[PDB]
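Enquirer: Each chain, letter by letter, is given below.
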Amino acid sequence: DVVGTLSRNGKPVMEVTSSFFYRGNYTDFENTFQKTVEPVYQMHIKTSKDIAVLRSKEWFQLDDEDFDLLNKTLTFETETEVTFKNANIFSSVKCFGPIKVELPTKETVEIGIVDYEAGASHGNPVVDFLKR
Amino acid sequence: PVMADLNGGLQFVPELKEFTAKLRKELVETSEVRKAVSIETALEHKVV
Amino acid sequence: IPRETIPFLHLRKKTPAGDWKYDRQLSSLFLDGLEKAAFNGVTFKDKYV
Amino acid sequence: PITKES
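Here the protein sequences come in this chain order: D, W, E and A. Numbered as in the entry's author numbering, the first sequence ends at 1522 without a single skipped number. Numbered as in the entry's author numbering, the second sequence ends at 968 without a single skipped number. Numbered as in the entry's author numbering, the third sequence ends at 678 without a single skipped number. Numbered as in the entry's author numbering, the fourth sequence ends at 539 without a single skipped number.
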């Protein structure tokens, strides 16, 4: 998967994307890496239990610890970079991006950051959590 | 007629309802959050 | 109202102990209501009973 | 301690 960016007057104009496939049998997982831009996940924080679960997760890192999450709508704008050990097991997993709160105006505003990092994993536990 | 208070000084704790109700809330809250955080750390382990 | 005296009509306040004892202040509120009522009358217009 | 009369 390749991504171009055409610029004029040192300003971005359009992105090209092209995907190529070398037909064959390949073992060189040490030269394999994959970056994906996840869909934006949304959560309505209703209960003080909901917020306890989020604080449980190392990767949930608010700018201000004491931020009142109750009855707020968080959005999670997340990219996940991965490297491969083999076909199944990832050699490393990174998942980061801003956590935003919805205001009365419907404007989303950064209040913190997702920051997950890991070695040998079988999966991305941040996306799994946000999906469910 | 005799009247026997066999009420273990419970008369003396004020707002006995609000207090009773707080004790139950805090127990249930503690239980619920632990059960949820338990289930989720289990699944995060399983995914990884 | 002579202090030391409980009026023949009064209001009561609930003590933390849980008994209903005479309350000089509330009783004043009520007895002044009665005095006002006796001289000027009370209206009950717009009251559904 | 709670069963005095304050």
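Mixed in with the good hints there might be a few duds.
Said to hold, decoys possible - Listed next, with one range per pair, are the computed distances between beta-carbon atoms: (1) D/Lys1496 - E/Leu660: 56 to 62 Å; (2) W/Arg954 - D/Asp1418: 27 to 33 Å; (3) W/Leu947 - D/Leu1460: 16 to 22 Å.
Said to hold, decoys possible - In silico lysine-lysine, PhoX-like type, Cα no more than 20 Å apart, as pairs: (4) D/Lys1447 - D/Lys1484; (5) D/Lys1439 - D/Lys1496; (6) W/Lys945 - D/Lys1439; (7) D/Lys1490 - D/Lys1462; (8) D/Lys1521 - W/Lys945; (9) D/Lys1436 - D/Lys1475; (10) W/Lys966 - D/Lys1436; (11) D/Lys1401 - D/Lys1521; (12) D/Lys1490 - D/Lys1475; (13) D/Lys1462 - D/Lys1521; (14) D/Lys1475 - W/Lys942; (15) D/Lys1439 - D/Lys1484; (16) D/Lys1475 - D/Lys1401; (17) E/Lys665 - E/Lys676; (18) D/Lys1436 - W/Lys937; (19) W/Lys955 - D/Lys1447; (20) D/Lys1521 - D/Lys1447; (21) D/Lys1484 - W/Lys955; (22) W/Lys937 - E/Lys665; (23) D/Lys1425 - D/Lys1462; (24) D/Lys1475 - W/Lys955; (25) D/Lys1496 - D/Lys1425; (26) D/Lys1447 - W/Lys945; (27) W/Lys937 - D/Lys1439; (28) D/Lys1439 - D/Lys1475.
Keep in mind that the hints were calculated from the coordinates and are not lab data. Ideal placement from N, C-alpha and C gives every residue a C-beta, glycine not left out.
Enquirer: Which numbered hints are broken by the structure, listed smallest first?
Expert: Violated: hints 2, 5, 8, 9, 10, 11, 12, 14, 15, 16, 18, 21, 22, 23, 24, 25, 26, 27, 28.
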